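Chemist: The lines below spell out each chain.
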Amino acid sequence: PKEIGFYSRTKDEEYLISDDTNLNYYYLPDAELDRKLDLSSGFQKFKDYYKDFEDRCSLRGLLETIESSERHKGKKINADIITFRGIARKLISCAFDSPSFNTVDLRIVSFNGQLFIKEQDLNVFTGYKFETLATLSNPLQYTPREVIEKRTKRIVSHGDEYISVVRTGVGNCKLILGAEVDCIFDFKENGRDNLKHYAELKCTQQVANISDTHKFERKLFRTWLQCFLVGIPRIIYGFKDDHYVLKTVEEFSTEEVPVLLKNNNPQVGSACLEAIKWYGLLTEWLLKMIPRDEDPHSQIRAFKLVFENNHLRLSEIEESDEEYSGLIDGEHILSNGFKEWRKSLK
Amino acid sequence: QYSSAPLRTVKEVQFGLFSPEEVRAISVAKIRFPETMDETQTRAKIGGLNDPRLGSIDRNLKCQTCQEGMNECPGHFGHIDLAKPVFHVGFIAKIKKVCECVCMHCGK
Amino acid sequence: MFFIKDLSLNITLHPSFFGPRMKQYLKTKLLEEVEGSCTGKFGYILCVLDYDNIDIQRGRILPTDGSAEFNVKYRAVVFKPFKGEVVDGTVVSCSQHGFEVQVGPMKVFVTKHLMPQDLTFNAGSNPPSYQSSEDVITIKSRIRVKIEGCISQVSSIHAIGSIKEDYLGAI
Amino acid sequence: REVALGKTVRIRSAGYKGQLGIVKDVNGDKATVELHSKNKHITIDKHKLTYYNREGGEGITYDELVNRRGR
Amino acid sequence: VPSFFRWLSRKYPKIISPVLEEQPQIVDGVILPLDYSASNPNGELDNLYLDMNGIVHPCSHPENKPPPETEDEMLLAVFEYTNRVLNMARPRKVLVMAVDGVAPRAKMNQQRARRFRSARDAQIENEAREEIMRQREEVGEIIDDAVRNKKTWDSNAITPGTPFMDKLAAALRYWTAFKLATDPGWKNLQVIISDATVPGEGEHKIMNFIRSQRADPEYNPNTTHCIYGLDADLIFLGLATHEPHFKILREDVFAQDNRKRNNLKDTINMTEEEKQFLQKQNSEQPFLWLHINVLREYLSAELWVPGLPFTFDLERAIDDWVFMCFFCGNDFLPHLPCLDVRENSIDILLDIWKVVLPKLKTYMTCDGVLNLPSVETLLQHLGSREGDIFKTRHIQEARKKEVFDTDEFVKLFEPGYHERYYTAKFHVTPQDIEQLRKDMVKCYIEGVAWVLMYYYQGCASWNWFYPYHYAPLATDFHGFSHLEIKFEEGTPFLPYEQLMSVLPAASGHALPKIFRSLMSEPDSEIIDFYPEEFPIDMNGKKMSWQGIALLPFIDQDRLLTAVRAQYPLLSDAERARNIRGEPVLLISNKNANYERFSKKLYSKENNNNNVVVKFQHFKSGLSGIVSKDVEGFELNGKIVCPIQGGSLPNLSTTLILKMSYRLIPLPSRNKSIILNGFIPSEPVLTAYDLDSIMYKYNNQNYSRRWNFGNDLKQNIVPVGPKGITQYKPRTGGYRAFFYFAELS
Amino acid sequence: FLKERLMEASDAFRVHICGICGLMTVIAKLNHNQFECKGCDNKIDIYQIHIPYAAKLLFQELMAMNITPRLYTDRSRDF
Amino acid sequence: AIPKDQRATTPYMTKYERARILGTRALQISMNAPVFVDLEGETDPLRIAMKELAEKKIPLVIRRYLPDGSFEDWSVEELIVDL
Amino acid sequence: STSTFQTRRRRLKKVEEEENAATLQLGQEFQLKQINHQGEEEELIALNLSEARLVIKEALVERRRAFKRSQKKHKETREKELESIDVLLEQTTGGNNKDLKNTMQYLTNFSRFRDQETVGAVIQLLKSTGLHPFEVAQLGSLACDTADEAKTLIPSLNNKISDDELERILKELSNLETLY
Amino acid sequence: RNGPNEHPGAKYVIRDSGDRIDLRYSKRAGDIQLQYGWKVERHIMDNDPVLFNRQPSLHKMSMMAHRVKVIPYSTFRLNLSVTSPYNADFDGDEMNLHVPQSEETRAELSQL
RNA sequence: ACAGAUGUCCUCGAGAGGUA
Ligand SMILES: [Mg+2]
Ligand SMILES: [Mg+2]
Ligand SMILES: [Mg+2]
Ligand SMILES: [Zn+2]
Ligand SMILES: [Zn+2]
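Top line first, the protein sequences correspond to chains A, B, C, D, E, F, G, H and I. Sequence positions in the first sequence follow UniProt numbering and run 21 to 139, 161 to 387. Counting from 1 along the second sequence, just add 4 to a position and that's the residue number in UniProt numbering. So in UniProt numbering, spot 123 of the third sequence is number 123, and the numbers just go up one at a time. Counting from 1 along the fourth sequence, just add 796 to a position and that's the residue number in UniProt numbering. Sequence positions in the fifth sequence follow UniProt numbering and run 3 to 404, 590 to 931. Counting from 1 along the sixth sequence, just add 1145 to a position and that's the residue number in UniProt numbering. Counting from 1 along the seventh sequence, just add 72 to a position and that's the residue number in UniProt numbering. Sequence positions in the eighth sequence follow UniProt numbering and run 4 to 78, 117 to 221. Counting from 1 along the ninth sequence, just add 392 to a position and that's the residue number in UniProt numbering.
Among the hints, a few may not be true.
Derived Cβ-Cβ restraints for the label pairs, each shown as a range [unchecked claim]:
1) E:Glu-929 / C:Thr-28: 13 to 21 Å
2) E:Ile-903 / A:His-255: 37 to 45 Å
3) A:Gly-378 / E:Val-799: 35 to 43 Å
4) B:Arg-47 / D:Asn-849: 47 to 55 Å
5) D:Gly-802 / B:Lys-66: 24 to 32 Å
6) H:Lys-121 / A:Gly-378: 48 to 56 Å
7) H:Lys-142 / E:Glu-24: 35 to 43 Å
Simulated from the structure, these hints should not be mistaken for lab results. In this text, a Cβ means the ideal position worked out from N, Cα and C, and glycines have one as well.
Throw the hints in and build the complete structure from the sequences for me.
Modeler: Given below as structure tokens:
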């Protein structure tokens, strides 16, 4: 895993480039945990900016940061598949759960050889409130105590997410992901890779019996898969009860969760190997028959992927389809910068 | 209290006399002054009958020989260098008998 | 020079581990105890061979409490500094007192009145070393040391070496 | 710290109502109060027993904590 | 043993821990050099801070055997003491050496009186010795003039700015360079030297250094720290640093109270045996540990209050405690008449705080800032309560009963002492009583704010002083709910200015020719500030040396004029020591950052002495800013040994790298917040100890002799991180569920 | 029961005995983990036993009487 | 020395042996040690020891010392308990 | 911790003999013909420095395969040797065992022989003489050039006066050590 | 929780390390959590075997093990048929009582 | 620079008068 670049997506959807607008820093002493903080607060006061978003899976900032990285560097990278951390997670996880739990809608384009793929309320609000109460925006040691005391009576907003490009791949196949990082656990190095320092925090319910233990195991499997697809070493989970009160917060580092699921029921123990094999087979199938443009200004076609009946039905659509006009010619998922870059070298 | 030495039970008891060399070697101090608490009636005189090296006398002062108080100090032993040899009271009869048995001019 | 002996160690097992795996418990206790021990009588127990061979006997329950004492019979490699032989070592430290020659898991010290008068302490070179004619010893160098120390085995052993007479150098 | 220490008290209610004694040892909530006529010690709650003056006078309840004094 | 040590041992017994001092083996006469890379039985240690004054002072002019030779003997003694301390503690990351230097004007008020009292005691004892020799010579005996001229070491001469300080600093650098070069275990050790030129009292320098090491984002919260000093307030000051991994090392004063103090005459009576026993006995000095991590739990269990509008924070709970302890007693202000014992009043003040906390709606202090109305209410409640305390103290004094003398004539037990106490300091005038009361209130409030700022956020004034000798009586600070405290920064005093503000007596001759000529002349512009007979000794309760002086203060302007007049005609070589200077950092030849330092500074760049390097704690440690050395150190050179008769071999400059170290400036105010990622220590306390500290125990009442007993049975306490997770398992599941299953 | 009443219920003492001497003239430093017998130069053959304080007093008085009650933890029948 | 299995002592358990095994087992169960029977609502260590001895489920070995010095090992399960 | 029963009046022998000197005079416990655990009358081994390295390596790999199969059921030159030794020691023994690294490094950087056939040849050559295993261990551990050097460095070797066969097997040891 | 004042209760709580807790002096009515392996010095209750002896002890029947039954009066009470081996009457005789302090001693007294 | 108090049990050899 190697970091290529990063970008910020704050309000107004301006997709700024190479800015640490938030870079949320984690800080939570055990005294605050014992203080029995309430996660309900002003539920009706939530301000969600996702409704005004022009596209849920918009990759304008990712495209801009890819353009900037290409301008700074020379030859293009060997990675092909590009995903905004949503398609890859669903594609790997759909083989483990029922297809009814996930909605499949994939638009794969092979412009310039590279591949570009674009796709309760109370619980979500409580998780966002916990995330906002577990961080203090600017790093500790450079903020006054007024911010620390105000963090309790703060507001909850959906936006200003730090997104960093991570390059990975297994074997010959290599791909990059537009992973979003919402927490940094240690000192941040400027101009150097910060993947080993990043961390991810989430919320979950408590356990009462073996069924709740299995549910927690499933949640751990999901979060471990989503972190391993990127390379996040630290996983933080916040326990919650029926009263929406944070009870205990524990961290789950990497290189020990696999053994923790191994020393458990055989299903979760073999789930890791099954997911790895499924990811490998999916990558091998993906690199099989997708056309390669090689030189720029070549023929470009789009493909539709639908996962039904435990099978990824892929068909080559014709130019008469409306989706073809809106993607090949409409440039809905592309931009003028990418075509300018493609015409620049050739 | 913890001691790293292995714990065993006494299986045999060997009696015998005390050689002057052995008692001189095992002694931790030499007693010459026939006074006790002679340090201007404040402390214990060095080399007296109450030498501090013998052991912890009172209160909670650790004995300097073993750096411990009284609950684990057996009591270290001194020695007195007699000017002239002196008969043992309990062995007078045996000494007389063995003197009668052996020649008083040769060790035969 | 290393010796293979048939030492024995007594372990007082607690009744809390009086299950089917008490044998393996004694095995791991023996490993974690005997390794790295600087016994005065013997020396260093570097490693125990034939792990799957060492046998235990019937443990006698003490009259005082329920803990049982086991007399294991193991064999292992033992290193003893001994006295009256030559040995090769590698320096690891140097000072005005002398050079800390290291032989295996040992640190034998050489005092001022041990080495001949053909060694003077100086710090001109990068490593602080004793420098004189046709003798060059440094922080990392070859040296042959003859041991004549009294060991002084009190829960740990030591060694004192000499540099007198020829062949006790780098070569 | 504890007010009930060495002060003559009168046992109220229970089987020793009207008895006169002096509290010697107090620990937690239970208070050990000796008996004058009887050569025995009885442990009762400090709140239940009233408090009197050593020389003699009116009796008061456990409100001595507020007063922080005697009598 | 001091009363404070007894009080802390009685209230908090488990904080006393035993030490493990290694004894090198002696075989065939030779001594085996003890190893340094071996694991420390007292737990892993990373940072060690040492107050060099607390070592150089006891070694010089001791109570058993004064150094017969010149300063060389004292230098050897302090060198061996430092070596023993280093071998006992075994630092692994950074070792810090600091000695007292320039101090703010508030410290001169008591330091000057203490130095003058010591000088007067030395003078009177010298006069008594001279009379003894005169009486002895009358008999007929003859004594050589060398013995008669063999006076004391002049302990008053040990002051920053003197050539003795420069000589000691030069020797220390050679000693630490030799230790770094000759010890393979000092490869990762970094040694900084804070000479007397650098301003500070020895402990404030350590506080600034630890706050600067905490002035880095990458600083590890799990690092361990040790500070060695004989001062009693040292154990209390380390608590304010909010570092759980803290422990104080100091000599065992319990044994030293009744240690060996026999005369040298008795050492020759029994010849070899007794002298050998004595030299073996004093060769080992027992020590003890003062762990603060355990003390934090005791403070948490003792400062708890049921019912509070705000949120109970452990970090904020300690702030009021430390502020109150400083208010009760500190080496910056005169002792309060109500708080004289300073031990029994602590519990009274704590229960006053406990009863007043529900009334208040805010904490006592906020990062060193004192809440004015809250502290006003606290002192009002204390004054309302101080009447009972004063009555009890007077009753106890009367029962116990059944050089100016001032407090005896006051007769505080009689009613109407409000003006009687003030009459001992001023005249009998009504309006002057109110004027002096208001002035004392203002001065005391300003001094409390200044000491709080100094001990929490560093020095803020550097020139504030206390223009009074007697603290106000009870029911003080009645109306002061309108004053706003705002101190102004001032420049630190020059070494000569600080030396003359200390004001050594006429016996002291550390000053140069010009200054001693300006002093000893009868017609001196500041002759009124320098008494000779010194009759200002005054008992005021207590006994022996605890009495304070009543000599008039010193005007700063007159001293400044005197120093500016004496400066131009002083020699340039002597004037070259007026530079404030900076701490010097020493690193080993194989340090992790040694290559970077040698490539950046003192390298082929050949910059004009303006390039600086800032490095973080990720590599090696000791985050800070390094600058070019201002001394004569250079590559491929040699350092002359100043010890002379010490048989110390010469060393080259290729083994030790010398540079000037500058602390990183604080970006914002130093708050009291536990850093993220801190790993709590192993749980050692039990609920029984919590209940024991929650219930008021009258020094255990000696019911079962639990105060003293199997003290060594407490054993060592584990230190350092314990467990990857920093949160204790409460409810939750998975790992916590497995822990619950394996426990129950 | 007899052993418990004689030792646990009345007086229990722990002492160190030299493996060569057989006596109790062993200096024990539990904190320093040092057990040296100056008489024989023995530092690796020290055992600890549990005996009543009355037995300790009797043995010390016998040693003062120039009689050595050497104590050993092994049988000499094996020769 | 151990007399192989040509032992010649008594194939029954003496009263002193019964008392010693009962006491040792009672102490072991009183401390945290495994029990090889179904407590079945018993909470006194001595009664648990008797319950274990009822069907000879005590893993203890008796070493009977001959006056000369030899000894033969007798298992608890193979010792007849008639008293 | 002992392996030999008390005999020859161990209780009060006082100073039976001075500690071992250069001229042999072995200690009380390290004497020849040690007591074997199963039986009796077992002679002291003849273990040299190179033999020790092979023995400890064999024990390490045996324990390695041991706990590797256990967990499976439950579920250049000097530079190359150092890495292999480190990766073997990292998990086989476990615990701390700090001293094991130093002695392993000493064995690796001072290995006179690095082949099983070489050590077999050298001890089949050394078994011809009736020398004390201590003497043959030092002879095979430290290389020597001259007969007087061997006598001075390794005392108690005065029984060989001819020095012809001594020169022969010294040359044999030299060429075997150079054949590494 | 009952404490050392009531008859069913304890006087000391011995910890694993070896330190002794006195329930009388400390009190506080605290909910002390007893960890496994600790020792609690509780009062002797009913059916507790004790040793009952009379001097002179001429024969082995002069000292035998009984079962404790707590009675509300300050005098030892025993069966009439037991006095004959003890050779004791009720005209002023006094007899000693010994309490075992371990499990093996209790079992030995009960079974022998 | 610094530094004024506490740890719980004391008899010991005898003599006399009595109880089972
Ligand atoms: Mg998240
Ligand atoms: Mg101070
Ligand atoms: Mg009768
Ligand atoms: Zn002792
Ligand atoms: Zn001995």
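Chemist: Looking at the structure, which of the earlier hints fail to hold?
Modeler: Numbers 5, 7 - these are the hints that the structure violates, sorted from lowest upward.
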